[PDB]
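Participant: Each chain, letter by letter, is given below.
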Amino acid sequence: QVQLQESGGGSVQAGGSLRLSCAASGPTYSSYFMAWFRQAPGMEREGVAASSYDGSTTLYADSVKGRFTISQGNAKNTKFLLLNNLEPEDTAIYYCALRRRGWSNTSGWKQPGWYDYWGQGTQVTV
Amino acid sequence: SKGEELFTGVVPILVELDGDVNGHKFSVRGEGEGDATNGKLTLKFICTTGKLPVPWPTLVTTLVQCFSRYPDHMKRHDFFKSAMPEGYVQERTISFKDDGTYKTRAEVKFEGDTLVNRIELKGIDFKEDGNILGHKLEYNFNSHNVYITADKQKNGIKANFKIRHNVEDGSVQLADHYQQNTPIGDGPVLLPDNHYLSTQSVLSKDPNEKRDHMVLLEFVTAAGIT
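Read top to bottom, the protein sequences are chains B and A. For the first sequence, the authors' numbering begins at 1 and goes up steadily by one. Letter by letter, the second sequence follows residues 2 to 64, 68 to 230 of the authors' numbering.
In short, the hints are calculated from the structure, not lab data. Don't take every hint at face value.
[What the hints assert, rightly or not] Among chain B residues calculated to face chain A with C-beta under 8 Å, some are:
#, residue
1, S31
2, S52
3, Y53
Cβ atoms here follow ideal geometry from the backbone N, Cα and C, with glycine treated the same way.
Could you build all of it, start to finish, from the sequences and the hints given here?
Facilitator: Next comes the structure, spelled out in structure tokens:
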């Protein structure tokens with residue numbers, strides 16, 4: 001039912017920066033808790049960053065070390081993830097994930113089963 | 002029945018509505034508290050776009069049945085709390101007699117400590133000087149009984165009930181409600197035997213408030229089993 005535009009990957013040299021995008025087209029009364037996971041070559045999906053619908057809660061994994069920032073988009077359920085100070089260890093495909101189910105707390109945010117709808121991702125290369 | 006535990010104590014509520022009736026756009030934001038232990042809701046709604054193009058009483062039903073009080077012997081028939089925190093979808097057709105029709109679609113779920121109701125309302129076929137568009141409705145809301153039945157094939161429930169709005173001329177404008185509710189999540193929910201919810205509401209105004217607004221006080225109880 002609900003659909004996922006994802007954009008703005010690419011390639012950079014060490015230190016550079018890219019901005020990922022993600023928008024959810026669906027019923028305009030729906031809200032989503034939105035995240036990005038990333039998958040290294042033969043390794044598993046790990047959580048990177050996540051943010052509630054209103055931007056009121058914003059969470060980052062330990063690999064981020066305050067280098068990455070989620071910012072709220074122009075429109076209802078659309079957001080950007082700014083990747084700063086990129087290093088080769090951050091090379092991967094970056095998947096947008098959405099949670100439509102309600103939540104009491106965000107303790108589960110790093111599990112892929114916390115979400116409901118996934119993207120195809122985008123490549124990020126340094 | 003595990004989500005029952007989220008409604009012990011007092012719960013903040015946020016309501017958000019985006020509406021369109023015969024082309025007139027408008028937004029409503031509401032905030033308040035609910036106390037399911039006593040089946041009591043206190044809320045203050047504000048039209049953020051300006052003057053509300055419909056009478057406030059016609060939006061009461063659209064603007068969180070999970071705050072109803074279910075007696076202990078009826079707990080297993082409370083669908084609405086069983087869906088939480090994951091939440092449910094609530095869809096209505098509201099057919100006003102010899103006037104237009106509202107169609108509404110809404111998500112009711114938790115977003116942290118707050119129970120949120122986001123609504124999209126669509127109104128068509130309203131005569132530009134009917135009781136609705138011609139703001140001819142009394143600022144009050146009569147007591148009603150909401151009859152609930154199960155919808156086993158959509159793992160949710162249905163409800164049918166009649167709302168009787170008092171017209172400023174002594175007559176009564178009625179509004180037929182058809183409603184279905186579905187879990188958002190996959191986890192299990194309580195599906196009930198036919199009961200009803202008995203409701204009573206008080207509407208008022210905040211004297212310090214200049215925006216078009218509605219203060220609402222509601223008391224809802226479940227009844228009708230054993």
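Participant: Against this structure, judge whether each hint is valid.
Facilitator: Comparing the hints with the structure gives:
{"no.": "1", "hint": "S31", "verdict": "6 Å, holds"}
{"no.": "2", "hint": "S52", "verdict": "7 Å, holds"}
{"no.": "3", "hint": "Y53", "verdict": "7 Å, holds"}
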